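J.: The chain contents come next:
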Amino acid sequence: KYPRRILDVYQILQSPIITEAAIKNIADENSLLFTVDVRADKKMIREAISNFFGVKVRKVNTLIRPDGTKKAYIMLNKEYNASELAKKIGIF
Amino acid sequence: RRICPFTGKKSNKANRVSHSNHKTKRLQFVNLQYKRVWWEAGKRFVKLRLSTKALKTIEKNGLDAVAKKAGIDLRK
Amino acid sequence: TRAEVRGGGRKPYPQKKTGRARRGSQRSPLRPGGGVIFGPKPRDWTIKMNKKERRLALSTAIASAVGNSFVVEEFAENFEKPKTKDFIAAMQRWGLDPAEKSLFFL
Amino acid sequence: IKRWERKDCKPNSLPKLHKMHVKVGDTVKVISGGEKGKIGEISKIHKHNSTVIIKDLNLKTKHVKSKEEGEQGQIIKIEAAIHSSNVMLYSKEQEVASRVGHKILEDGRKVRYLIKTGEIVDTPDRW
Amino acid sequence: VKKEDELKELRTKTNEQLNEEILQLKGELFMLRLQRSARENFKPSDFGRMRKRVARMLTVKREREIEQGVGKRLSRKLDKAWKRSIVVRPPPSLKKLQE
RNA sequence: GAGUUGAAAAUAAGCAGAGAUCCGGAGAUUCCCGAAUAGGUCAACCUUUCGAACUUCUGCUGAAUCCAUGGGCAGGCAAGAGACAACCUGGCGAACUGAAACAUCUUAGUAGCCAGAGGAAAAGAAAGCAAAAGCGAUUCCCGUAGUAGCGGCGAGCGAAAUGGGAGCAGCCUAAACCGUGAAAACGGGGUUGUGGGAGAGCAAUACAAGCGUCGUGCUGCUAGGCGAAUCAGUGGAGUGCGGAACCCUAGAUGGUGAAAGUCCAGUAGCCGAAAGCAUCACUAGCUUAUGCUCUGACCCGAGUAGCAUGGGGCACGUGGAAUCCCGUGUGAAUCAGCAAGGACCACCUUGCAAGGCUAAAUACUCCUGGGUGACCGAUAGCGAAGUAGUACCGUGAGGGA
RNA sequence: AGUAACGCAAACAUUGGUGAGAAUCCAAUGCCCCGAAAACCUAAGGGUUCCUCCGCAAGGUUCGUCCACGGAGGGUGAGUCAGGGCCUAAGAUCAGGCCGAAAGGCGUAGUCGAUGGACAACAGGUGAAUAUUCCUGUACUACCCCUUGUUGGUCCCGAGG
RNA sequence: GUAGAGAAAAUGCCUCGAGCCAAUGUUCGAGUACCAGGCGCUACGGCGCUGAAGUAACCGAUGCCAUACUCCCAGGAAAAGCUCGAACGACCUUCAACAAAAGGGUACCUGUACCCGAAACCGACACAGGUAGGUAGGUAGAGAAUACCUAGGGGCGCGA
Ligand SMILES: [Mg+2]
Ligand SMILES: [Mg+2]
Ligand SMILES: [Mg+2]
Ligand SMILES: [Mg+2]
Ligand SMILES: [Mg+2]
Ligand SMILES: [Mg+2]
Ligand SMILES: [Mg+2]
Ligand SMILES: [Mg+2]
Ligand SMILES: [Mg+2]
Ligand SMILES: [Mg+2]
Ligand SMILES: [Mg+2]
Ligand SMILES: [Mg+2]
Ligand SMILES: [Mg+2]
Ligand SMILES: [Mg+2]
Ligand SMILES: [Mg+2]
Ligand SMILES: [Mg+2]
Ligand SMILES: [Mg+2]
Ligand SMILES: [Mg+2]
Ligand SMILES: [Mg+2]
Ligand SMILES: [Mg+2]
Ligand SMILES: [Mg+2]
Ligand SMILES: [Mg+2]
Ligand SMILES: [Mg+2]
Ligand SMILES: [Mg+2]
Ligand SMILES: [Mg+2]
Ligand SMILES: [Mg+2]
Ligand SMILES: [Mg+2]
Ligand SMILES: [Mg+2]
Ligand SMILES: [Mg+2]
Ligand SMILES: [Mg+2]
Ligand SMILES: [Mg+2]
Ligand SMILES: [Mg+2]
Ligand SMILES: [Mg+2]
Ligand SMILES: [Mg+2]
Ligand SMILES: [Mg+2]
Ligand SMILES: [Mg+2]
Ligand SMILES: [Mg+2]
Ligand SMILES: [Mg+2]
Ligand SMILES: [Mg+2]
Ligand SMILES: [Mg+2]
Ligand SMILES: [Mg+2]
Ligand SMILES: [Mg+2]
Ligand SMILES: [Mg+2]
Ligand SMILES: [Mg+2]
Ligand SMILES: [Mg+2]
Ligand SMILES: [Mg+2]
Ligand SMILES: [Mg+2]
Ligand SMILES: [Mg+2]
Ligand SMILES: [Mg+2]
Ligand SMILES: [Mg+2]
Ligand SMILES: [Mg+2]
Ligand SMILES: [Mg+2]
Ligand SMILES: [Mg+2]
Ligand SMILES: [Mg+2]
Ligand SMILES: [Mg+2]
Ligand SMILES: [Mg+2]
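Chains as they are written, first to last, in the UniProt record's numbering: chain A, 103 to 194; chain B, 72 to 147; chain C, 104 to 209; chain D, 49 to 175; chain E, 59 to 157.
Where hints are given, some of them may not hold.
SDA-like mimics (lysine to any residue), calculated; alpha carbons at most 25 Å apart, straight line [to be verified]:
| # | chain 1 | residue 1 | chain 2 | residue 2 |
| --- | --- | --- | --- | --- |
| 1 | E | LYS110 | A | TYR112 |
| 2 | E | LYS141 | A | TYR112 |
| 3 | B | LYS114 | B | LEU98 |
Derived list of chain E stretches under chain A, where covered just means 3 residues or more per stretch with a C-beta under 8 Å from a C-beta of chain A [stated by the list, open to error]:
| # | segment |
| --- | --- |
| 4 | 81–94 |
| 5 | 140–151 |
Honestly, the hints are just simulated from the structure, not real lab data. We treat Cβ as the ideally placed atom computed from N, Cα and C, and that holds for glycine.
Required output: the full structure, derived from the provided sequences and hints.
T.: Here is the structure:
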């Protein structure tokens with residue numbers, strides 16, 4: 103019942119990434135890029151996106167940068183579309 | 072430790088004086104002994120360590136008076 | 104001094120087999136940032152002088168200023184309140200100049 | 049900029065502020081300096097150095113460089129600052145500059161006035 | 059102006075109204091963090107408007123517990139347990155925009 | 001009390017006489033490591049049953065073993081832990097050196113290490129100094145005095161009383177006995193030295209002394225406000241110069257294009273505190289508390305003092321070696337007594353050990369506020385006037401621009 | 001003193017291009033060297049040197065348009081690989097306990113501690129910089145749900161391995 | 001399977017059992033996937049179609065079967081996972097627990113860049129040096145020596 107750690111769930115997602123490679127990844131993989139907290143997990147991020155936008159998450163992959171900042175690859179299920187969700191935010 | 076829990080007795084600094092008045096340090100230790108001491112109230116022995124000078128106190132004043140002055144309960 | 108300056112203590116390089124002048128500590132007076140040889144310290148400059156000498160020196164000084172001195176009457180009642188303007192006017196009427204030095208003993 | 053001329057900071061990382069005797073828009077008169085004997089309204093205040101900028105006084109020609117490649121620069125004339133101790137409040141209906149005082153009114157609001165003439169400076173609702 | 063009236067309204071609300079209102083802000087800040095990334099028309103003052111409005115609520119929530127006699131050690135436990143049973147939801151701004 | 005969102009401009013948006021920014025008092029939050037303390041760990045991370053570990057406190061339960069002990073369970077913003085420049089206390093305790101060598105000796109009970117604690121600490125209310133006259137707790141300074149003495153009588157070490165000042169404060173217990181208890185123990189009683197208590201019998205015992213929690217004011221500190229008096233000319237700038245005026249309970253400082261009593265901030269002087277702290281005063285009411293005869297009956301802090309032996313330390317190196325403090329082994333007396341007065345005996349004088357607490361004068365500066373320098377002015381002064389204990393070097397301690 | 005030296009005796013050469021400027025940068029052709037390496041992975045360690053664009057003050061033992069240099073931005077994707085969430089050796093700590101001027105020392109269970117044991121994945125493709133990590137296809141491990149049956153199990157403990 | 005302190009185990013006794021051991025191999029995975037070559041385009045990068053054959057014999061490992069066997073003296077870790085099972089003791093419970101097949105669904109933390117027989121680690125240097133382990137081609141050859149070559153990487157950072 104307990105999570106791994108305890109902190110602000112609304113801080114798990116700071117902001118997305120806007121790069122020519124990231125935008126290229128949305129159309130090919132149906133994925134999304136998000137900078138995340140260092141203390142975050144794949145479970146909290148999976149639960150997070152399920153609540154904000156109301157969409158299913160096929161898989162989550164993460165990594166820690168050299169600067170101590172964690173990044174999160176989020177692949178949505180094929181039923182939904184990351185490009186459609188992208189336009190809802192404002193970024194293409 | 073080489074301290075007597077009852078009387079607080081301990082060793083002291085002492086020098087060994089030669090005929091040439093040369094002085095090397097040494098310690099005059101205490102005549103401590105491991106013994107079983109009888110306790111009339113519970114009617115049983117007690118294992119502990121004290122000096123021979125403290126034995127004469129229990130022999131004179133009794134055990135219950137000596138241990139109380141030190142501030143220790145016999146039941147451990 | 105070289106003992107109070109921070110650092111030093113260690114011998115930097117050995118006494119021999121080095122083509123350079125011997126050394127005992129980097130914080131030596133013969134190197135910058137080092138000690139001070141016979142520098143000043145907090146001193147008690149106070150000396151003693153006999154009373155009758157100090158009293159005699161004070162008497163003969165006043166006995167020399169007789170030609171440039173005089174006497175006045177009391178004026179404590181003439182100042183019901185403090186006022187530097189009236190005090191200066193009194194010195195002008197007595198023959199003084201506020202520009203120069205002066206002395207009132209009472 | 050020179051590293052030691054930075055404004056001194058309090059322990060709370062904030063600068064140490066001075067007390068002034070002027071405001072924005074007050075008409076003044078220069079006591080001494082190059083613009084001595086001129087009147088103008090104060091535009092801005094710099095509390096950290098007690099300097100003030102008045103319109104059309106103490107100006108200097110700046111050679112603006114051409115940040116853009118499509119055109120060249122120009123020579124703009126920009127206004128500089130003056131230390132507030134070299135100016136004095138000024139009244140138009142008397143043409144006499146004097147120092148500043150303070151007096152409480154009947155309403156209970158503290159205000160300042162001109163010592164020599166006697167007018168009020170900080171009239172209400174002026175900003 | 060938004061200081062005497064802002065605090066007065068919050069001191070009348072119950073704890074549950076204060077709790078759920080904070081959840082709206084924490085999710086509402088996320089939308090502002092999105093607009094900052096998209097370089098859309100966003101007010102930088104809203105970051106301070108909302109961030110300060112949270113502290114005023116947790117401030118009053120603490121003060122109400124002072125009346126009950128709660129210590130510092132106990133209050134942190136209840137603060138964590140409230141975060142253990144937390145659940146994310148969409149903010150109102152997403153619902154008005156999602157169509 | 002008018003402009004602001006640090007250094008730090010610029011940009012983009014806000015707050016603000018419906019009184020912001022800012023300045024003080026009391027509070028809130030205070031992520032991870034770190035005494036770290038849920039468990040583990042390669043400090044700032046991991047796993048988690050989600051927990052202040054352990055000791056202490058308050059309860060419950062009750063191994064060998066009857067009472068107990070040890071465990072076990074639970075409660076409890078739950079006392080303690082660690083940090084802290086120097087000074088202070090305690091414990092361990094050097095060597096180079098000096099003696100022109102060196103062991104007794106000196107360096108030295110210093111340095112350093114460990115432990116502990118406070119704003120001071122420690123000491124401290126005579127089993128004391130003194131000498132035939134008197135002083136009346138402890139501590140510090142002057143002086144006695146480099147004297148008396150100690151010392152391979154070598155180097156060197158070094159008092160005390162009398163006297164003069166700073167600063168002054170004295171109190172609480174054990175015991176006899178009376179009640180309560182199987183005892184342990186609780187309460188009352190009592191606390192002194194030209195001896196005092198208990199004991200009995202007389203008296204009259206305690207108002208004016210010392211305390212003093214509700215709190216109430218006084219005075220200061222922690223933000224501030226009022227605050228007098230100058231014009232022109234001198235060619236970058238005038239505070240200087242020349243000329244003419246003014247204030248002063250304000251000619252202390254700093255700043256201002258160039259040196260200022262009269263330009264700015266200020267100073268003299270005056271005013272001012274919701275809240276908090278401190279120094280004082282007042283106030284509960286329980287509070288410690290006052291004297292004469294009778295008795296040489298009962299008590300005066302015991303494995304203590306003293307002695308023998310082995311040592312230490314007292315200015316004093318075993319010396320005639322007391323006084324003070326310890327190890328071993330022995331081992332008294334209770335005012336008709338005991339100790340001390342530099343072996344010891346006698347007489348006299350002084351004092352009452354073996355229980356404890358106690359302010360001030362005194363020592364120190366990682367620091368705070370104010371003030372002053374025949375102190376330095378970038379090779380100086382703190383190592384460091386810039387991201388200095390940084391850069392750099394070293395496995396590390398550590399060194400260090 | 002404009003002296004010595006410019007770090008092996010594997011070897012460079014031409015054409016063309018870039019550019020203010022080329023023995024030194026790029027490409028092409030030919031020649032030559034290593035080839036149980038002077039080749040490709042990988043552990044420790046280093047800690048952004050990796051990729052792109054721009055630049056050439058200093059740094060490179062010459063030059064420089066280039067660079068492991070400078071500036072800006074970007075880059076490391078795992079249920080199956082490695083380690084931890086499992087085990088233990090050497091050894092280090094150690095509840096209590098013993099000893100000891102202090103600090104602390106010895107020491108029982110227990111706990112830490114891989115250099116070991118235990119435990120589930122490959123091929124191909126994509127490509128400025130990553131992939132057994134992403135995509136495709138085909139598998140594996142653990143847990144849960146579902147369907148019947150059983151209806152006392154789970155630790156401790158004993159033994160095998 | 002059975003007896004004894006006696007479930008399992010161990011020991012003793014009785015009994016069934018000619019077959020067992022595992023690298024390799026067969027088949028699916030395995031598609032006209034991959035591929036030489038060819039047909040066209042170009043900014044020359046690759047793109048877009050097409051894409052035949054895809055077998056056998058010999059040599060043969062320092063690798064696998066393999067803690068397989070033989071011999072010898074110096075006599076060759078521990079714990080857990082796993083498996084079997086009674087009693088005592090503890091916890092929990094009629095599914096809410098154990099167990100079997102298929103199907104379906106779900107899936108923690110850190111490292112992952114780059115160099116690594118080196119110009120990036122260790123040697124104060126872009127230093128003729130040191131740096132564990134893995135992969136091990138062709139001709140001659142006993143050979144991982146040696147000589148010349150493949151893949152691939154280089155021509156050694158002053159020159160004439
Ligand atoms: Mg990962
Ligand atoms: Mg000696
Ligand atoms: Mg020194
Ligand atoms: Mg030394
Ligand atoms: Mg110096
Ligand atoms: Mg911990
Ligand atoms: Mg710990
Ligand atoms: Mg506490
Ligand atoms: Mg401590
Ligand atoms: Mg010596
Ligand atoms: Mg000597
Ligand atoms: Mg000598
Ligand atoms: Mg302290
Ligand atoms: Mg004080
Ligand atoms: Mg004092
Ligand atoms: Mg004391
Ligand atoms: Mg004391
Ligand atoms: Mg009593
Ligand atoms: Mg003034
Ligand atoms: Mg002038
Ligand atoms: Mg004043
Ligand atoms: Mg006595
Ligand atoms: Mg003696
Ligand atoms: Mg004696
Ligand atoms: Mg005598
Ligand atoms: Mg006496
Ligand atoms: Mg210096
Ligand atoms: Mg100079
Ligand atoms: Mg020559
Ligand atoms: Mg030559
Ligand atoms: Mg050379
Ligand atoms: Mg040459
Ligand atoms: Mg060769
Ligand atoms: Mg590169
Ligand atoms: Mg260059
Ligand atoms: Mg060059
Ligand atoms: Mg670079
Ligand atoms: Mg694995
Ligand atoms: Mg222990
Ligand atoms: Mg052990
Ligand atoms: Mg273990
Ligand atoms: Mg391993
Ligand atoms: Mg694993
Ligand atoms: Mg690569
Ligand atoms: Mg059996
Ligand atoms: Mg990788
Ligand atoms: Mg790689
Ligand atoms: Mg190697
Ligand atoms: Mg090499
Ligand atoms: Mg070298
Ligand atoms: Mg070969
Ligand atoms: Mg070879
Ligand atoms: Mg060759
Ligand atoms: Mg070359
Ligand atoms: Mg080279
Ligand atoms: Mg070379």
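J.: Does each hint hold? Answer for all of them.
T.: We went through each hint and held it up to the structure:
no.	hint	verdict
1	E/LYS110 / A/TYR112	holds, 16 Å
2	E/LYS141 / A/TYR112	holds, 11 Å
3	B/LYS114 / B/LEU98	violated, 38 Å
4	81–94	holds (count 8)
5	140–151	holds (count 7)
In the structure shown, a violation is registered for the earlier hint numbered 3 alone.
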